[PDB]
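One chain comes next, on its own, written out as structure tokens in the form solved without this ligand.
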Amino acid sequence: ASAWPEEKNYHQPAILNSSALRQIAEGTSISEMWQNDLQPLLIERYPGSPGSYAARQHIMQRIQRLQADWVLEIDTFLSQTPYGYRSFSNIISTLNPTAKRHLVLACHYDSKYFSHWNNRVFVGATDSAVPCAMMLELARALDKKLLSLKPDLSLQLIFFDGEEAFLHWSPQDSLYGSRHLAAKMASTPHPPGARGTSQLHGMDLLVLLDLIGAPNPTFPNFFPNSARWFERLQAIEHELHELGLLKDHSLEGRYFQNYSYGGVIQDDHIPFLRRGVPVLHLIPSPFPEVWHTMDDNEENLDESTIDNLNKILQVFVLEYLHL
């Protein structure tokens, strides 16, 4: 009876030295991400809408053009909603599908439904078009290194549909894509042919990005079983800062501060956390001032903060994967 599902508990990062950190900082481009990955997503894309289809095609196309051996799957399903039965489609992009373990980065790609108001349309720039674009930029910036994966551990990206409630949040109206996928993964043997382990046992850590893009975000260390990874993000931010590799950034105004948050935040990690998956929830507290407002747009995004977070996240992923 293999103890492989316990490997995640002892897994240590392979820390990048200064030269490698400079290489990662120089290898990501916030302007390229902005034009090629982010702007095409700054559209109305609530579940079932034409924009949802366009966003999904965009995400798939951007991953498909990369060299690394990404395996794309569209997880489509029906669910009851306040408006009756509707169809949703999660996007899953996986390197090494049969590898037993995967580090998983995720965000939601749907935008909250709002009827047009005074000619304005809700595009959820920080919620979560930026997180989507950060995951796509990470895949592009680290493409050569990820290609080398073609430690039975690899990388998976999940773009959840239906994170938002169609009305106001409630237990049955929200997290459509994540409740469905968590249940599906929990009931899917992994690796292929396994007798008693599931795809959830294979999830080393779920790093969920949400509401990123506003100025001065502060991310709390939410869970004790991922606290050591939160500390790594703090260390990475501190070293990139000391090396002069971050922009318009100070340690007093750092993003990963020594502070927990005992409350519960409802988001896509919930269906996974309640099934025992370790979660690193990269959501700020408090939420952006523009949260669920028509002002959650491109104009209110903080470019350098997103650039800094791209660097931190890419270093974190390479260190986790030993790349």
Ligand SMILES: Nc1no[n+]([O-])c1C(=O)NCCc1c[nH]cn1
Contents of the next structure:
Number of protein chains: 6
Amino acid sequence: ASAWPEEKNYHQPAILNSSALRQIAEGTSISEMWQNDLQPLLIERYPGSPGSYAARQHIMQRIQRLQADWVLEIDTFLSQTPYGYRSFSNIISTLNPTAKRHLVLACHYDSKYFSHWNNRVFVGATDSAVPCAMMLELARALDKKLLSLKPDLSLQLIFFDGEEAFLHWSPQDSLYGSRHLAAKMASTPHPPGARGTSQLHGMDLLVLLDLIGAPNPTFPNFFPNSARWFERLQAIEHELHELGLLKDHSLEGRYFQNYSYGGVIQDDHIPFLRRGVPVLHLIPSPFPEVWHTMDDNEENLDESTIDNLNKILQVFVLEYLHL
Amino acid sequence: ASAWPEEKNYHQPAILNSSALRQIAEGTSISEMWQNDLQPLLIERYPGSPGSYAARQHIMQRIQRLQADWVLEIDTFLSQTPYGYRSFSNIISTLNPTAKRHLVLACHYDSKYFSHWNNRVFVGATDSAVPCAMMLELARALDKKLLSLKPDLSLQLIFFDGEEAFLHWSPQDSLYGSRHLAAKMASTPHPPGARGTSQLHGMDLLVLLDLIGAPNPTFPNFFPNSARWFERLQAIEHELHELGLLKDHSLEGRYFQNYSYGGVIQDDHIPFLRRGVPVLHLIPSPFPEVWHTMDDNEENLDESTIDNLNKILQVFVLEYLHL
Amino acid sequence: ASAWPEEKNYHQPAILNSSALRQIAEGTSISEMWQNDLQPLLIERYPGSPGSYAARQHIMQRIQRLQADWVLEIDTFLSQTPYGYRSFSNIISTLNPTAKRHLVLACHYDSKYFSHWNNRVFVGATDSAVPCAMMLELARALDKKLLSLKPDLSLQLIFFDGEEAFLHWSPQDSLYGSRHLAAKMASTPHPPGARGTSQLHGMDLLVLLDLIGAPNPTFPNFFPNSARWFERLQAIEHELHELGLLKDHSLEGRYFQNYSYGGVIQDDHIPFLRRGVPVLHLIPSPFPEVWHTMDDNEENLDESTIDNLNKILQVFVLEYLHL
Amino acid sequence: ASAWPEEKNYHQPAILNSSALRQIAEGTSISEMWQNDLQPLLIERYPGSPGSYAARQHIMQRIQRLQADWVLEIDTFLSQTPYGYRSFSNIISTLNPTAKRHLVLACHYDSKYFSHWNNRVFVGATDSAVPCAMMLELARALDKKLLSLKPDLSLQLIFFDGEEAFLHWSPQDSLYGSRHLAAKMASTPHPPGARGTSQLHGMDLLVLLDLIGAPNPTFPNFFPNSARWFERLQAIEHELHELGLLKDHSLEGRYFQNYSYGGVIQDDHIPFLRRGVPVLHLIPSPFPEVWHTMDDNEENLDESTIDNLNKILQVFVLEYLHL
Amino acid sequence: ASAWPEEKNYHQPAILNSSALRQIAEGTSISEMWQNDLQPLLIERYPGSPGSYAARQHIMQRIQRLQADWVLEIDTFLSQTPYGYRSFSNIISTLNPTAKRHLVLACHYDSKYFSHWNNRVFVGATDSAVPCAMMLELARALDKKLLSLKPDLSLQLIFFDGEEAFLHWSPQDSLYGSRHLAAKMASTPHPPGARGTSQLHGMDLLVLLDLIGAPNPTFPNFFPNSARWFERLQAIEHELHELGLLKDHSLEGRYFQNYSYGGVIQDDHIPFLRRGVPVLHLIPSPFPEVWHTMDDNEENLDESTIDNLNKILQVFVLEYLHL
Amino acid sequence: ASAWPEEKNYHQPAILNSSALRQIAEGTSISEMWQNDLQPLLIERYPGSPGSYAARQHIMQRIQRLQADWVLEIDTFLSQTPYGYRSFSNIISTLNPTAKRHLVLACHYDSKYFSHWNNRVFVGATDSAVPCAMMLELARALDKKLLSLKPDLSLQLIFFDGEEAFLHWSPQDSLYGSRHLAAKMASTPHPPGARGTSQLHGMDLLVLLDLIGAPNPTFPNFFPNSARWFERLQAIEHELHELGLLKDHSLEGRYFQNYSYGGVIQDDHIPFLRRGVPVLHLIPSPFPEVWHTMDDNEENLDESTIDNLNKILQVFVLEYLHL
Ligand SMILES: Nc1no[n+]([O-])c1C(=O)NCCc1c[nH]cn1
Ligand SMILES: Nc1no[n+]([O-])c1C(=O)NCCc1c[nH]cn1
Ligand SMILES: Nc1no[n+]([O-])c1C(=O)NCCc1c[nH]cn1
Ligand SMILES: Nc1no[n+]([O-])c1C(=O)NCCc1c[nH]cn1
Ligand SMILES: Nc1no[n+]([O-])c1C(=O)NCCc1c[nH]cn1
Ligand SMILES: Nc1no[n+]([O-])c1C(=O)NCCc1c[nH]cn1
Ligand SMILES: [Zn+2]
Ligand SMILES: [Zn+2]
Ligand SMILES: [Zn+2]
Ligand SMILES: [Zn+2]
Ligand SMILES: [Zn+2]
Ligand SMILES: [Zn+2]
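The structure above corresponds to the form solved without this ligand; please provide the structure of the form solved in complex with this ligand.
Full complex below, order starting with the chain above.
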């Protein structure tokens, strides 16, 4: 076989040190994200709606304005759903695509479909507009540090379409945009010209964000193939706490508790899991109280904890990429 | 699509108030149930046995003697099992079947098959004769309040046959009566003449009872699509406690702890789950100590906690139906 | 097992004799059928269309006007299709349903869906309005002889809905009304109270008619489990020829040639085949020239050969039922 | 739905007339094809071999030298086989890809893998190097007539890789390059921006060539969804015969006999069939005598009948495209 | 891979010559077989019956009395059927099992189960007691010639149990003894110690006999992977005819007509086919007139054609083994 | 059905008493095991490697030197994997195989395959060489007590091959040696001559050991069909603690906590679970810190806790067998 597609089982982080942490924390503006990155996404955006187009556009526009050589690829495809065949459009933003190994961050940008009620619309603030914004802010706050990319490894952002079901959650009505990109990736030579290494083999770890934005989340540690990376999150959250770099945060209310989760949760990682991609599944258990109700809006987001998680994740990424 | 089959995502309860609670509690006789409803069911009743006929008869007889317009329907069908094709008979008791939306309570009335041992027979007192009786007592205690039904919503009772395996638990040997009614329902126009709304779309929530009757149960909160309804149970159990309306009950031993359950349990809800029916799964974890042994009899039932749960469930129902 | 559900492997016909043949032939009016039974069905009648309702009504109305105790049952159900869940309605007309054994005749009354072209509509005259009419005329011509039913065996007519695909022929888009009645039957005790005999076990033979009405058909002999019954058709066609009871008919152009067919054809019999129901599949090979074009209309039907087949089938039925 | 993806059920040919036939026949050089198009392909070319690269290159080179705006696309992908994951490369040559409707010709360019025997190699002259060449010659002979394309319909050539099994014929070891392009096509918006029309909907008819080059072939008529197009082939073969435009040809030995084929043959059309693409399957029954032996070489090809079929197919194409 | 498991694609026969044919024909006694080999098998012998034991015993006893080093192996196993799990017992008789390559002859020795009718029992003379006897006589007539085995190739006899369905033909109720030996073989190192060659790889060709014993059979040529071997049968039948070595035989009624069979027949070869074992399927099309009726007895066998086929098959075997 | 294959639902232990415990504890030498049983297994031993042969040999050699009538059976088979078909070899050591009921202990002796890194090899000390040794020591320490076997019940050891995936964990790449022995067992008459009792029916309980050897394990209680047996382990661990028979052990750090595990873990028990075999799954949750890294070696094993578990398991076995 090829030498490099093992490089990840042994990859270790460049732990940052207090001077570094203080700057990463300095370099994220929850307020900037909240008005520049997230408020434009708090619209109805089910697949095929005009809001899917708006959101797609907004995401690329806010990436393009950055300096790093982000290579965007809209992957409009078709797939079968209750109401017939329909058009979806995953958004993929990659740095150094030539490269063999990528750390991937991901969420879904579609919003579940709901019939208007009481003249209220479902905009899906935790599920999953915040995660979209968190990934945009991360691309910004770290634009400079991420210029340094031109260890052959880099960063990819995936914003899946069609995470949600049109009707009722089932394996056949769900994960439209993930089930499709898993397969396409699984079947693409990587690097170009290989003859045994697919594009998953370059997927070092899939950090999937989902249902984030409520207060007092608890994130379980879901899979052992990635639990060492979960512990970094705990550590990163601890040190960021003892430096006074977090807001309204308590160690008695940490976000990353070493509580293991035997059971399963269906989500855009399965298509990549079952094919043995290592996964960090940053979805909370229990889900936000407002889950799948019209009350999942901006008013019920907690600024402080989106800010704390932003700071943690950005460190985790610089630490994974050695930056 | 049709307007009404969303009515349940937004349905909220008519919380009862202390004068109301005191009467619901006054209006259940654990002793009446135990001699009139449950003792006749503590017989061997595997599918096709004479005890299946006895139990079927007993259930209808005890319903018919009530005043509300309970419409009974025995749904004798056939399905394949290890030992060949066999005859099963789900029992379905419905109020206002014309109506579009139903809250459904359910258990299984078959008893697992066991070869007599030491001249002892398996009668399955927790699994699941008690749940049968709990649903009969609920129909009685609330007969009057349930006359008021002639918000288009009502109550259905399902007593599945063939929950248990004949040989060894497997997806192919199990859930005979549920796998069959799920499908039949899924394919029945509701309301009559519709052209897109099946009979599940009228299944507002499936409250499935199973393995109840032992002391000191703990019921986990299994699915988020129904966790708000689980919290009502906690609340209802709390208020009923602080009013002195419970027996031998301790808040340090509540039955409904906010302990989440990642993994899965196979049971008559799966056929209705996988098709996206919201489920409250009132089965305890851990299972009774006597589970699937000849020691699951009447002597090892705890009167007090069947009484406490009876009282809680009846409130939950009046609260769900606004009565 | 039960004794009787073998009765069919050994069932033999009461061959009719020239005086009898001459009367059956006397007793069918191709002209009556063509104006009373078939012309009302030459309308667009895809599932859910108003023409499905018209056709459904017309079929029952023309049965009800007969004397025999035809027991009609409309079996409106729901099932999943490309464009979503939809409503279908099989029509079932039975004589002596109490009885254990039935010879079943069947076709499909839906018409394939097509977008109007050149202001032309698909009415599906061979596929399958003629077979519908042929089964109505058979019920009429033999009304008297079929009064004699009150060997426990009788006659059933099935007119399936949703034979055709909405989009493109596939196992998932096809046979909506057959796949559903096969299963329901397979799971229904027969006789009522049995405990091992489904309702297929009473399905002695399924004579399925399809794509009939063109000139010069050739019907292959498809399955050995029913080839003895195919030979009766040949014989019945021969004797009816040598008696001068056929029109524009030639033995060098017989309809039932002992030409075997190795391959397979998908059609409403599969759901009943794969469950081991014996099948006579009266569909021609090759299909009419006009198959699935707007040219499959009334002008391109051949009166003479619909008349010849009508006469043959009616004999076959009286011969199978001993009448 | 969209109007145009029905355009094919009603599409009819522009029959050519004797002056036209004489020129198409004049315009094909069996000798040119045999030295310029086919002899370079009579090499071992299993997937991944150097001969796969040679053949791939040769095919594109011989297309590029033409005048029409052939748009080539090599679709290197990966898929699982007995011996592991491996790299395949379908070749796709399209004219007017912008357009909505395409008539597609196709064969496979891989050669079955065989361990050298007696110092002999399998080069697969009928299976399927000849069909490759026949499609190249067709692109040449008709280059001029095919310039006229800039009824929105055009022509596509597909040369699948991995038709053959590596080990033993099975659904899991076969059709690597077809099973993959069917799916990718099925999921691609066509035209770009559509939201219900895949790229199959533009696949008007799939004319698949395979196992051609032996003498005295007989081609059955496999599917009714395309039998009208098979009859054109018969007609085209007849008229070309009665004009003296064929060599060593006899009507008592026609190639296209109205002999129907009930059973099935597995081949690159299945992936496109099961998804309802209309298919003309030009594979003979029986297969060449030399099938899958080292004797399937150039010495055992019959020039005359490759020439006759070349002439017929080219007419069929001009007739389908109205040229 | 290993060199030898290709040896069969290129294996060719040692055609016998008139002096040889005359002796093979001299050396078979239809009368001996009919009283010594077949009459003991004309008993009810469904799986688990006492007749299965009788037949099993009879088969081994009649082999053991021979001189060649026949190594018998009864492969009693269990598998699931309608009426539950049941015990089957394939019989396997092998010469030179150490060896890598085997020509395999096979039939099934179970008889379909039928409830006695008119005090008549199903003994399955063509289906398949005759084929059993034909394989025993072949072992005898050629005992001497088959001593010569101690080209590493030899002969195996398989008599499957449970070919027939207990209830109704289906993929789940059928081929119990074949589906099981296919798998076991597929997973057994051959030769012992190999690490890639299963025991199928030593299965050079599977000659499966079934439904033989009626007059005027016609055997189609089913698969091209074995059609060269079918032609040997034609040839062998021709030469044996023109030598006056056949009885009541006519070339206008040959048994092996070059009539191809597109469709499929389910039978003990499928388990070995789908895994790419080359198959000669000696079952007639059409099936005997008496197929699956109580009339499939000894009185309706035709001595002459069992004798003619015996002679042909024995030649085919000596010709395949070079003896 | 047969009487005895229920004997296990009611089987209860012969609890040992302090004099007995002290001797079992006296009779295990962690030091002997560690040099005689385990150190020879700390080699690279993926399937087909020379180390698989070494380990296979070592296991049998160390059994054969014992006195009890251990009947060894190497079950070399073949099965499909990413890189092709490959050869595996389960090791099975049985006492009193004639007998109907067996308590089975098991682990896997293969080691996951890894490409050498930093000149380091994966030897899989917890996963699962220690469990191998623990089962050998158990056979030794109890050799004498296990002579007493000549309640028809005995002990079986299974050392599966191919537990691990070659590439990435999936249902298709995993459990090669278990998926194969489950099936073979499921289909073997037991006792020999039975006709309904497979060899699973003699599998009283499957105690599967895996990932053992690290400090401070926590073993959850996975299935209720075996939770009574898990409680024995707790009890046995408690009493062994309060007798001073354990080392470096704390009740605040017990190994068997009554912590239930809702979710699932894939492992050699599934093939036997899904077929309803009762399972005690002694794998810890969480997995060792060194899981699937080169750091899972001998240096990071904790002598004390392997010793404590050895002592506990040996008691559990004598207690299950009444010795
Ligand atoms: N349980 C569920 N019942 O319904 N759903 O959807 C469920 C679910 O688990 N969804 C996955 C998590 C999620 C939802 N939205 C975003 N992520
Ligand atoms: N685990 C199991 N192993 O076996 N079974 O049955 C199991 C099981 O989970 N059954 C479902 C719960 C139940 C049993 N009786 C009523 N409800
Ligand atoms: N081939 C086909 N390709 O498309 N279809 O539908 C096909 C087909 O075989 N249909 C079954 C026969 C039939 C059609 N209409 C009524 N009976
Ligand atoms: N039967 C077969 N047994 O093996 N195979 O491959 C078979 C087969 O049918 N292959 C499909 C036709 C073909 C072969 N080469 C090109 N086209
Ligand atoms: N068609 C059938 N319908 O029912 N069956 O069994 C059928 C069948 O094809 N059986 C296979 C051939 C056979 C039967 N007996 C021995 N060989
Ligand atoms: N999760 C996993 N992700 O990858 N694997 O293998 C996983 C796993 O669960 N393996 C089963 C436990 C095991 C491993 N080695 C021995 N037992
Ligand atoms: Zn959501
Ligand atoms: Zn139970
Ligand atoms: Zn049609
Ligand atoms: Zn080929
Ligand atoms: Zn048979
Ligand atoms: Zn492992």
